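*Asks:* Listed below are the residues making up each chain.
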Amino acid sequence: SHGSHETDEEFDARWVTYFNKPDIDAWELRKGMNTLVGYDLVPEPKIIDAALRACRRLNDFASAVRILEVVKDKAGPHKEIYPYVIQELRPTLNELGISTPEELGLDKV
Amino acid sequence: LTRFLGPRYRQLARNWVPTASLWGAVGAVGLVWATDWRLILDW
Amino acid sequence: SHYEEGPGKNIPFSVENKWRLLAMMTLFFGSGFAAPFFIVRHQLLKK
Amino acid sequence: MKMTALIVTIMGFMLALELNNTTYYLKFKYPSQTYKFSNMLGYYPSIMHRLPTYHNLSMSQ
Amino acid sequence: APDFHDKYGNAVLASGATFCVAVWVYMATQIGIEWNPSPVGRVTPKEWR
Amino acid sequence: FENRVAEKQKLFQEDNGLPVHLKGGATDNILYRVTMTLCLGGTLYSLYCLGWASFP
Amino acid sequence: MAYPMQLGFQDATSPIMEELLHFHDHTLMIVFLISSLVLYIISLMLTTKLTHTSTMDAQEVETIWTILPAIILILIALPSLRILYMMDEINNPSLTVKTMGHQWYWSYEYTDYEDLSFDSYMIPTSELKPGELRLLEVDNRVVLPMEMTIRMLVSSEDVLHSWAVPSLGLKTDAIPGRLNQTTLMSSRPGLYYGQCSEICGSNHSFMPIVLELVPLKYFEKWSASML
Amino acid sequence: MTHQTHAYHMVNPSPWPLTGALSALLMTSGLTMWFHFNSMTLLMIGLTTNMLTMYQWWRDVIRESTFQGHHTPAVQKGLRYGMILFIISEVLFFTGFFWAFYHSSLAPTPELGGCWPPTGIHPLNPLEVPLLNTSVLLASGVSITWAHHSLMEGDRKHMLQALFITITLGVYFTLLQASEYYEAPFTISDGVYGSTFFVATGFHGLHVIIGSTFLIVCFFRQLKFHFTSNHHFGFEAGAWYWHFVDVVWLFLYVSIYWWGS
Amino acid sequence: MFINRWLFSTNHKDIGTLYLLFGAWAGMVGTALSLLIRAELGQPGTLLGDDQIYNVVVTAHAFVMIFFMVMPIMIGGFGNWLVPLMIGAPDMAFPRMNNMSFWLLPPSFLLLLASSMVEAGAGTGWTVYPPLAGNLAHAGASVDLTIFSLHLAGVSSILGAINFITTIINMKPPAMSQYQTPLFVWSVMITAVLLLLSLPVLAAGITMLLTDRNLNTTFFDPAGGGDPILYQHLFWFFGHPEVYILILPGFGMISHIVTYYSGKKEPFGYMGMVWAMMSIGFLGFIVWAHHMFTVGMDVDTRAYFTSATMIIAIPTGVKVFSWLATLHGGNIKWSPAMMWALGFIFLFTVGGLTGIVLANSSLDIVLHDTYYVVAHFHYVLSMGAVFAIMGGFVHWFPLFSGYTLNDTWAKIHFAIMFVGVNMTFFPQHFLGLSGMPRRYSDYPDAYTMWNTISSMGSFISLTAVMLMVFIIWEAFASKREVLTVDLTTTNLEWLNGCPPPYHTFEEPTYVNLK
Amino acid sequence: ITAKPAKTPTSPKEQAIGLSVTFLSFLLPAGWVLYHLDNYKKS
Ligand code: HEA
Ligand code: HEA
Ligand SMILES: [Cu+2]
Ligand SMILES: [Cu+2]
Ligand SMILES: [Cu+2]
Ligand SMILES: [Mg+2]
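Keeping their order, the protein sequence lines are chains 2, K, 9, j, 8, 7, z, 0, y and s. Okay, so the first sequence: first residue is 1 according to the entry's author numbering, each after it adds one. Okay, so the second sequence: first residue is 2 according to the entry's author numbering, each after it adds one. Okay, so the third sequence: first residue is 1 according to the entry's author numbering, each after it adds one. Okay, so the fourth sequence: first residue is 486 according to the entry's author numbering, each after it adds one. Okay, so the fifth sequence: first residue is 6 according to the entry's author numbering, each after it adds one. Okay, so the sixth sequence: first residue is 1 according to the entry's author numbering, each after it adds one. Okay, so the seventh sequence: first residue is 1 according to the entry's author numbering, each after it adds one. Okay, so the eighth sequence: first residue is 1 according to the entry's author numbering, each after it adds one. Okay, so the ninth sequence: first residue is 1 according to the entry's author numbering, each after it adds one. Okay, so the tenth sequence: first residue is 1 according to the entry's author numbering, each after it adds one.
Incorrect hints may appear among the rest.
[Stated by the list, open to error] With the Cβ distance kept under 10 Å, some of the chain K side facing chain 7 (calculated, not the full set): (1) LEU13; (2) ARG15; (3) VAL18.
[Claimed, not checked] Calculated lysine-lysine pairs in the BS3-like style (CA-CA distance at most 27 Å, straight line): (4) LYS265 (chain y) / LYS31 (chain 2); (5) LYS49 (chain z) / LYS265 (chain y); (6) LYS41 (chain s) / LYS47 (chain 9); (7) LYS51 (chain 8) / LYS129 (chain z); (8) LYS512 (chain j) / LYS9 (chain 9); (9) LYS9 (chain 9) / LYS7 (chain s); (10) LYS49 (chain z) / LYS79 (chain 2); (11) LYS18 (chain 9) / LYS521 (chain j).
By construction, these hints were calculated from the structure, which means they are not laboratory data. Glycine included, C-beta positions come from ideal geometry on N, C-alpha and C.
Isolated chain 2 (complex conformation):
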């Protein structure tokens, strides 16, 4: 823990594994995201994927949508980050039937 630090690949893995736990409950799903968001990075598509799938396991559509919103917010002024993510998530988005916040029109005020 103290002084012990992981490489990026490990960090990601650690997260994919976390979100993939079959018996993951709503709490852990919230904890995981709420925690991941405190870091200085937009999560890798592969981490987002595992989280989107976990949402399906918990029959939670709305959280799956909010997860994508966070991904965009975290990119701050870096416009190019979100689209690339959505791009790598396209398969899962279609497979699971997940609508983007933009499609749902939640991106407007």
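Following the hints, put chains K, 9, j, 8, 7, z, 0, y and s with the ligands in place on chain 2, whose structure we already have.
*Replies:* Frame of chain 2; chains K, 9, j, 8, 7, z, 0, y and s with the ligands shown alone:
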């Protein structure tokens, strides 16, 4: 003397002070009319 | 403890009528701000 | 001197209108005494009519 | 549903911004305030004996 | 000597809904009022003196 | 003296006052650096949508920001201390004047040879002759020889007072029962004004100081005609 | 909730803080009357309400601890801290006076004769009564300790005996010091030497009286079996205060009575 | 009932409320006095009169703002209100004594008011230095009353200092170490220690001054062999710690406010922050003499004090930089309190930077007793201590009251006051470099411009403190009750709702011993 | 920080009143005393 003093007696004393206290005020008023202090008159 | 609790009840002044309150705040802060002025006046009127 | 005639009017519209809009915000209240007074036409008819007329019409019988 | 600011924001900003600058310019000049700026460049020295 | 703290413990633990400074009887009460009276009066007297000394 | 709309120090009439101007410039340059650095960092911090609210490692950067201020303080301290000693330096004065603060006037005493002593009072704004400075003119100026090392000895005969003359970079409190010393050394002739720099009662603001510096020759004739 | 589950003490509303605050007003403004418009009536009333307040405030504290049992271990540990801290503020109070003294005696102004003790002052002899006062205070230090030890060993008679001896030595010092004042060939008005001497040794004197009435209070609390072999903070404090008092005298002796004279 | 609750209290919350009420009112008096000061200096000439009536005003201004507004509010108000709530204590260690601390204040204030009424008041300066403060140059009851007011205020503050240290040390959850308490609590525990050690020396000093003028002693009288400088040492030995005692609780509130509105869990470098205040508190005890550079002391010692004074910049620096580091990755919320916190960070930096300049004895010779030093301390007090008070007040108001303030109005209030104080004190740097002395009722014609601008700014500030009173009224008139509070996981004070009940932590708090 | 709507809302008119009053209470007394300064300075 000693017999009169008691732990129990205090409520009566408290009650007495008000009646006694009220009584004390009357004398000042009574004395004052006779006394006629200029300062008392000034009051 | 028969001490009432909740908003507007943990203070030594009534907050139930906004205008009575207005008056009270006015006298409170008002008398505080005026004091120095009247002290100076008092000092200016001595001899 | 000349401004006063205008400013008093302006105070009139501002106070009366903000008050009137404040009437528009729910919150039931019940009348104050001043309301009952000024809206009872000063009570004046209801006392100067129910009284002397009674003492006279009584007195006249 | 427009908030107090959506409707009044510009009105307040402008009228407020105007009133301020109006009244201060007056006080700063239209009355007898002695700012006593540096005489260098503005005052012509007179012999004092 | 004596040792009757046991009586007083009981007297003071008695659930009469009285504040400790009065839990002990009638004298507590007279002492209280005397103290309170002297303080307030004194305070009044002091204000008078200051009003008096404020003037030349 | 001070002119209208002045920003910095009065022009240096003596060398330590010059020395001070330069030190202040040095010190002020730094307060500008730091105070603008902080303002930049602040606006920087508040200008991004990017977040990182998780835990951040301190200590690491903590050395930079503890060693840097430490170096900067030496950069100020050194010059400061040098000037400090330079002021309390071994010099040999050719004259000794004494000044004694009094409740609402200063009195001077030139007593090396003869017992010359006078009172210096402020000229009531009412009796000022055109061109005279409102709260600064005194009736009897303290005359002294320009270009010479004078030793002033400040004391008071009542409450505390403080004898100061900014142009020469001087300020010494006047404490009853005490003889504080200071070295005056103007490098140019003229009239140099100062004011009581210590709260001393009702007319604290109305007990100024005016130094008039002329050449030795005129100094001594003045001194004699003074008794 | 309703019933507390922490070991602390929730003290009942007391009028005493108000009463003691008012007292401070009366004594301060009362001193101002005495000093200026030559009157003590106000000062008298203040001293009165003040004693009244202290008596009652401390009476209650006794009630709450001995009779009501609110002084659990946690509550006591807090009282220890309070006392230590208080004694500390006192140590720093006396420090203003030793500063004053040393300032004057180490750099004597010419108006004094440029020396110390100033010309005209005839200092007392440290080897006479000052030496006596010293031995008296020091002995009460050993006797108050004996008292403390008897108490912890449940020896009622002895604790009482030692506490008594201690108290009389404190009184003996008070009288002795009182006579010294009266026989002293100098006064508060004798310049800085007299100022420096009478206010430092004087404030200390006041403290010996304050410490003695404290030990007296302890004496009676013991006669009444208030103290148990294990819970007697009232005594621990009285004891700590009493030591603070010897120590201050040791510095006074060495500094003012010996060195500065 | 009302009596029992409000006059016979033993409740940390109610005593704390009583303080805030006392401090706000005293704050009105001090503001009035500051306006008479600028009224007198806003046009060349004399408005009131001689430096006596004027300096009486300047003196009361200082005593009122220092001893009756700032200290009561920060230590007695926020101190009593928040400390127990932040460490999970049912109340304070000495509930009764705590009350006396408060009640000693109104009388103390009376004595100070009385002093300016009898005779010609005390025109001595807040430092009340002798011989001016003596029974010759200032005969009469005035100074004596000023002294007694100070005695009470001192007794009040060291009694409270005793309470806070005992509580803070002795009443935390058994598993919670000191390095687990919040910065604000640390901030007041340290301030409490400074009060305990400095206040007594002051009382020793003014008691000596009191005897010198009523009992014929000569501690500070050359005649008897005394020394007016001795008073300066004693006074200033307390006098410096006193200003840190004034900014420390402010440092704490700032740490809390910046962290909260940055959406962070904890402040950056918590232990560095604890170290910083401890260093500041300590160095603050060995630098008093920098207030006596033109008094005639040895060059060497004069050198010591300028150096010792300068090292205080280091720890203060780690704090400024830590608050910045705290804002770093934060999700900033531009709330009124955050606005006050940012202002403080900058303005306090400027004012303390300006104090490093004065730290130099050589330069201080020409800067001492001028308006430069008036600028220094108003920056650190008017836009340092005060900005913290406002940020803390607007931030915790809902906790104390249960009601919310109108944020927009609250923001308007910051805007006005920010302009006002800068316009008031900025020019004063010039007046001081250019030679305008302190404690003058009038000045040479040259200083007219800056003094004018300066006085105008003080009127804007007046406007702001008037608006604030209203802002408080409206809050209480509308009655929007608090519903939800953010980040309570890391902010205990809010866990019992707004307002917390009379009795909080009746049943302790559970904290595991890992 | 969220809150319920005002139990007793303060309409603009109401605010304008409280703001005016708040100002007067500060400005009047001072203004009066200041207005008569000269009378005091001349007895
Ligand atoms: C809360 C109030 C407060 C605070 C915190 C301070 C803080 C400081 N003050 Fe003080 N000061 C006053 C209020 C205050 N002061 C008052 C009331 C007076 C006048 C009393 C009277 O005589 O009537 C006064 C007077 C005064 C004097 C004497 C003036 C004279 O009469 O001749 C001096 C001189 O040393 C001084 C210095 C300092 C210093 C060095 C600090 C330091 O604490 C400053 C520290 C802050 C910083 C240094 C900035 C932040 C740090 C960094 C960004 C690190 C990097 C910077 C550098 C490397 C420089 N002050
Ligand atoms: C707390 C410290 C404090 C504060 C905040 C201020 C604020 C003000 N002071 Fe200062 N002042 C001193 C302490 C303070 N002062 C001291 C110590 C001296 C030295 C005296 C001496 O020389 O002996 C001095 C001296 C002094 C002088 C120099 C006089 C001279 O030497 O000739 C001047 C002149 O301009 C002045 C002006 C002002 C002004 C214009 C304000 C304005 O900024 C005031 C603005 C108003 C406020 C900021 C108060 C509003 C805050 C509240 C009312 C709290 C409300 C409560 C709640 C929210 C619950 N002050
Ligand atoms: Cu003077
Ligand atoms: Cu002066
Ligand atoms: Cu200092
Ligand atoms: Mg000075």
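*Asks:* Are the Cα positions of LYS18 (chain 9) and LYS521 (chain j) separated by 27 Å at most?
*Replies:* holds (21 Å)
*Asks:* Answer holds if the nearest beta-carbon of chain 7 is closer than 10 Å to that of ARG15 (chain K); otherwise answer violated.
*Replies:* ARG15 (chain K) check passes; min Cβ-Cβ to chain 7 is 6 Å, inside 10 Å.
*Asks:* Holds or violated: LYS265 (chain y) and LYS31 (chain 2), Cα atoms, limit 27 Å.
*Replies:* Holds, at about 15 Å.
*Asks:* Let's test the interface hint: is any C-beta of chain 7 closer than 10 Å to that of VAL18 (chain K)?
*Replies:* At 7 Å from the nearest chain 7 Cβ, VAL18 (chain K) passes the 10 Å test, so the hint holds.
*Asks:* Run the distance test for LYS9 (chain 9) versus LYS7 (chain s): straight-line Cα separation, threshold 27 Å.
*Replies:* holds (15 Å)
*Asks:* Does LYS129 (chain z) sit within 27 Å of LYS51 (chain 8), going by the straight-line distance between their CA atoms?
*Replies:* holds (14 Å)
*Asks:* Regarding the pair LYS512 (chain j) and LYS9 (chain 9), is the alpha-carbon distance no greater than 27 Å?
*Replies:* Holds, at about 22 Å.
*Asks:* Would you mind confirming whether the straight-line C-alpha gap from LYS41 (chain s) to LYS47 (chain 9) stays at or under 27 Å?
*Replies:* Holds, at about 12 Å.
*Asks:* Should the hint that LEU13 (chain K) touches chain 7 count as held when the rule is a Cβ pair under 10 Å?
*Replies:* Cβ of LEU13 (chain K) sits 8 Å from chain 7, so the hint holds.
*Asks:* Is the straight-line distance between the alpha-carbon of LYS49 (chain z) and that of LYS265 (chain y) 27 Å or less?
*Replies:* This hinted pair holds, its Cα atoms lying about 18 Å apart.
*Asks:* Would the hint linking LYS49 (chain z) and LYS79 (chain 2) be met if the CA-CA limit is 27 Å?
*Replies:* holds (12 Å)
Checked against the numbered hints listed earlier, the structure breaks none of them; every hint is satisfied.
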